[PDB]
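Number of protein chains: 2
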Amino acid sequence: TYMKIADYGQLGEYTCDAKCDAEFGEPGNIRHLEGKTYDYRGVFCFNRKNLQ
Amino acid sequence: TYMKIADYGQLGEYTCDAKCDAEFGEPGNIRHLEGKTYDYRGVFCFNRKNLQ
Numbered sequence: 924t925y926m927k928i929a930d931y932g933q934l935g936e937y938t939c940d941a942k943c944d945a946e947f948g949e950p951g952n953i954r955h956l957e958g959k960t961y962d963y964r965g966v967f968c969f970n971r972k973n974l975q
Numbered sequence: 924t925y926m927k928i929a930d931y932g933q934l935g936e937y938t939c940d941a942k943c944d945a946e947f948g949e950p951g952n953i954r955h956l957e958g959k960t961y962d963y964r965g966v967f968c969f970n971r972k973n974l975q
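Taken in sequence, the protein lines are chains A and B.
Plus 923 on top of the position in the first sequence (first one is 1) and you've got my numbering.
Plus 923 on top of the position in the second sequence (first one is 1) and you've got my numbering.
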């Protein structure tokens, strides 16, 4: 699994320089998603004399 | 709290010089009384830029 961080939020605002506070901003998402892995296999035979 | 010695009693009497005893006298009061203390407070604010 791995992280995917979606989109940074909009944090700052350019407020007026009189208020004693900021204003909340939008958040960001991270979307911890996963993914699997497959396998590849097969066989093959032989005689023993017919290979010597 | 503190003491408040009220009034010394009248102890001696100038009795005659024959009796084999004294004579009781008035007692004194001490009046352990108390008193509290007050407090003084207030506030004031500022901006930060407008003070720099």
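I should point out that these hints are in silico values taken from the structure, not numbers from a laboratory.
Be aware that a few hints might be false.
Straight-line alpha carbon distances no greater than 20 Å define the calculated EDC-like cross-link-like pairs of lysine to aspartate or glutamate that follow [said to hold, decoys possible]:
1. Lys972(B) to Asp944(A)
2. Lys972(B) to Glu946(A)
3. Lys972(B) to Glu949(A)
4. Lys927(A) to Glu949(A)
5. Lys927(B) to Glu949(B)
6. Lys927(B) to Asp962(B)
7. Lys972(B) to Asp940(A)
8. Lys927(A) to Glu957(A)
Those earlier numbered hints the structure runs against, lowest number first
Going through the list in order, the structure violates hints 3, 6 and respects the others.
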